[PDB]
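For this view, one protein chain was removed and the others were kept in their places.
Chain lettering (A, B and C) follows the sequence in which the chains are written, and residue indices restart at 1 in each chain.
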Amino acid sequence: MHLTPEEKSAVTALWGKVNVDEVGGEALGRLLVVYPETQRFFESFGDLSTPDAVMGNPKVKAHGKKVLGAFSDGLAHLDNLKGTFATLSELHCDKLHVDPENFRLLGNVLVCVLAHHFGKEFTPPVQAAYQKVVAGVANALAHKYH
Amino acid sequence: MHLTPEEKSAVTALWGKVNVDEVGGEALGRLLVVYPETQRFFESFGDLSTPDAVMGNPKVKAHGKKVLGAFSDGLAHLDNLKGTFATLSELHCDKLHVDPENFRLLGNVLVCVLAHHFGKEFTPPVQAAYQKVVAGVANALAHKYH
Amino acid sequence: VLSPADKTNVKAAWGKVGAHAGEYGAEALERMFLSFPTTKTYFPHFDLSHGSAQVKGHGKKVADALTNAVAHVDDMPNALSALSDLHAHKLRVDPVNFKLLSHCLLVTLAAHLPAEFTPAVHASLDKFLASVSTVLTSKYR
Partner (left out) sequence: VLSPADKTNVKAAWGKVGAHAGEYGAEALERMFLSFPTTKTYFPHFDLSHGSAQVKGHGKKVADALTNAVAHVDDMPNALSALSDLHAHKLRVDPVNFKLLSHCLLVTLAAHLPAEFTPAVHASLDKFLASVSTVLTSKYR
């Protein structure tokens, strides 16, 4: 992960302030509302017909927390993202059949979520470092696809 | 660039039958006819107003030969595409200002030219190995952008 | 937008394809699954072995729909309406994938139609597959 020391430092410090429950729930919710096609993997979660329904859906919130939790753990393995997400890559490919292009979408939604919460603090340099991490995670999750 | 030995043999085998001068000209010319926006980089080449003007333009033919010659040299270094193309990458970024997306368009046009020249012999497995190679070359030419 | 010359080019090329469409559709799919493996995620229920019957069968359907689009080139959004709804509401295939199928179809045509696959025709065909893809993807959100 060609991350710069000043970039690793920027990512880590901002993340220490994140409420993962809230952000995970909001990112996964926004994904399903902004890109409705992604709802195809979540038919069993219930009603997702409207934004209010999606954002309130407790299974959406809970799945968001789980997703963002795995993401957190990856932020501690930035020198070996591929190694860290290997099993998860196999499962997304072999059991869940998720087109990896969806990982990139979630990444960008996440970035919008971070800016929405942190405002001023989510500056251009900070964003750039996050774009590198989100593409990094997406690539590691796609790595074991065959 | 994960190439298997049988992929690497497939790529090399075929490339041995390629007349680089001619294929170089067809590929550059077709890029400029099929994706006319790429003509923004070649205004010094004269008339590019119709397909015959592009395809028979001696400057397009000469530049195509130069492009594909560098590409061949890269097929002789599949294990270090990044080192091989480092100076060309810097050149394309700092002096020529070429958006790397263009390298991906050329890659796909080249694959159509290879299929066109070889017909049957360009089987699905051979094409798959060439898709990895064109992506690898495109990634290596973009690596020094900053 | 397709131009008059483009339309002529697509009709001529597709006419030469003739009663091979089916076979060329299946080949474009096989090429796509092998060159771009992420595309298989949309076909977990299919047998994807060389010569598979689901592959052949699906090849024919894709090819029939392209044939129908060539037959109604001046009215494609309406001629393909049903397919557009299908792709938007049920299948929900990410748009990048359409570009990958289109490339593989082009590769398949180049491999079987050497005399017809001239620069001008390649250009018109690429534009035609891009219009078809835009239609199929127009109702996504």
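One rule holds in what follows: contacts are C-beta pairs under 8 Å (C-beta built on N, C-alpha and C of every residue); 3 or more make two chains touch, one makes a residue touch a chain.
For chain B, the residues in touch with the chain missing from this view are 35-40, 93, 97-102, 142, 145-146. By the touch criterion stated above, the residues of chain A touching the omitted chain are 29-30, 33-34, 51, 54-55, 108, 111-113, 115-120, 122, 124-125, 127-128, 131.
Quick note on the criterion: only the chains that are shown with their structure count from here on.
Distance between chain A and chain B, defined via averaged C-alpha coordinates, is recorded as 35 Å. Chain A and chain C, compared by their mean Cα positions, are separated by 33 Å.
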